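Take a look at this single chain in structure tokens; it is the form deposited without the named molecule.
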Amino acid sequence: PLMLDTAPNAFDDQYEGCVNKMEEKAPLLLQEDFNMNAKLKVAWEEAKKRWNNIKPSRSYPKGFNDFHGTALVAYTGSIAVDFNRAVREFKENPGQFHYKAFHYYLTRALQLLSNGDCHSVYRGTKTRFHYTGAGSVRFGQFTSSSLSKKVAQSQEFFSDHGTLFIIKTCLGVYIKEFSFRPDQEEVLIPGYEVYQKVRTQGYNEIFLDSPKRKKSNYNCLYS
């Protein structure tokens, strides 16, 4: 069982005050990430293919480009596990974080897709998580979730020995239209959303509520 906390070791950059600086250096940084992360390079190429197939559909927020659309699609693919791990364990070994630009583009994609709506979502895990019974909770890493409780409890994500998270998110963005799998009814949640009302229910359910944006530990680190 893993303990929920405020994720002090997570890379949680919100890029406050350095967006323009990042948008100009990120292309070079992405190329570098690829040179240190072959899996990411392949993952990006696959997501670019998917993004190109779906983008003709609708229009997007001002400033939203191919790097943003591609980053979102990529997160809905297999690179998510390693990326989430890398972010979660950042402070423990920053020398091995080969997602400098990827993290920026995904964060920027979510921010550009921001309005003020909140969503009722669910996330199932195979690993059992325990809430200490008091205090706020934060994941640090981006996390996925689904509008569908059925998706969250599907064999892909959930086990009775694991945990089902019932979440009210207000910073999450609905990304069904930026995914390899629309059917997953995915809502992407930034790692800087903090849940101030947390409750253990039964033996494998945890409720995360009263979400709020909270200033991050890292800011414009690679700017």
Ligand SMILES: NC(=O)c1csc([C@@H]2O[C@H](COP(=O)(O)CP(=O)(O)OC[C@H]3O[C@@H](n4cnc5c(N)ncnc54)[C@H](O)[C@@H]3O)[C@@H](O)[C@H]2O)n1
Contents of the next structure:
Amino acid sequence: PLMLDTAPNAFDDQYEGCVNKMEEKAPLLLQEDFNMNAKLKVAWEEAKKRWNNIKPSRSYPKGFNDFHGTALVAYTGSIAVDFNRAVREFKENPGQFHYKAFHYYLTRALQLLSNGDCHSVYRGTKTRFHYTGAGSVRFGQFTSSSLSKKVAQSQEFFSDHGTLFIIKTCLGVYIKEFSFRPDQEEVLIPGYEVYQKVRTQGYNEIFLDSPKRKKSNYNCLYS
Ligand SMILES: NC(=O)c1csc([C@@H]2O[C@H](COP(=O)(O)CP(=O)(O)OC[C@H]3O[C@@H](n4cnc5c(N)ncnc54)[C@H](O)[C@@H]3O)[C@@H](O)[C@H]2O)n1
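Got the form deposited without the named molecule; could you also share the form deposited with the named molecule bound?
Full complex below, order starting with the chain above.
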């Protein structure tokens, strides 16, 4: 089983106060990430082509640029697992974090896309999660969920050995438009959202309620 807690070791940068500085420095940071992360570079190049195709269909929040769009498209792609792991295990050995720019752009994409609306979402997993009683919960990593319980419980994401999270999120963003899917009705939740009410029901249902945005352990680390 995996532990569900406040994600004390996750890279949870919210970039409070350094957005202008990051928008200037992240392009350089991105080249650095790529130079040491071949898988990310490939996922990004492929996502940039798809973004090019998606972009004309609609308008995006002011300040939302191609980096934000390409990061989000890439995330719904195959790179999510490796990225999330790197974020989750950050504090462990923060010398080899090669998603410095990627983490910023994806974080900023969701910040720009989130109006504040709250959602009832569901997330299915094939690995059992155990709440270790910390008092509250943060996912740490960016966390995918769906507006549809059907989707969350589908064999694609869930099995009896895993967990179904029933979540009320107010920072999650409906990113259907961006996904290589998009019938997954995905709501992407930032890892720094805190759920003040945690309730386990049965062996595989975890209810996460009372979301709140709280300060992160890291802030503008690479700015
Ligand atoms: N899960 C859903 O219901 C759902 C709805 S849309 C969606 C899509 O699924 C794809 C992958 O997303 P996902 O977030 O499941 C990938 P996520 O990084 O959760 O991968 C899950 C695996 O990573 C490891 N892991 C995850 N969390 C932890 C943890 N807290 N501690 C230790 N190890 C952990 C384990 O191997 C776990 O099985 C994306 O394309 C996303 O768009 N998933």
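Rigid core: the largest C-alpha set superposing within 1.5 Å between the two forms. Only residues modelled in both forms are compared. Residue numbers count along the first chain shown, from 1.
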Of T127, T132, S78, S120, Cα shift of 2 Å or more between these two forms on rigid-core superposition seen only for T132
Aligning on the rigid core, one finds that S179 shifts at its CA between these two forms, in Å, by 1.1
Aligning on the rigid core, one finds that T107 shifts at its CA between these two forms, in Å, by 0.5
Listed in sequence order, the shifted stretches between these two forms (at least 3 consecutive residues, every Cα moved by 2 Å or more, rigid core superposed) come to 132-134
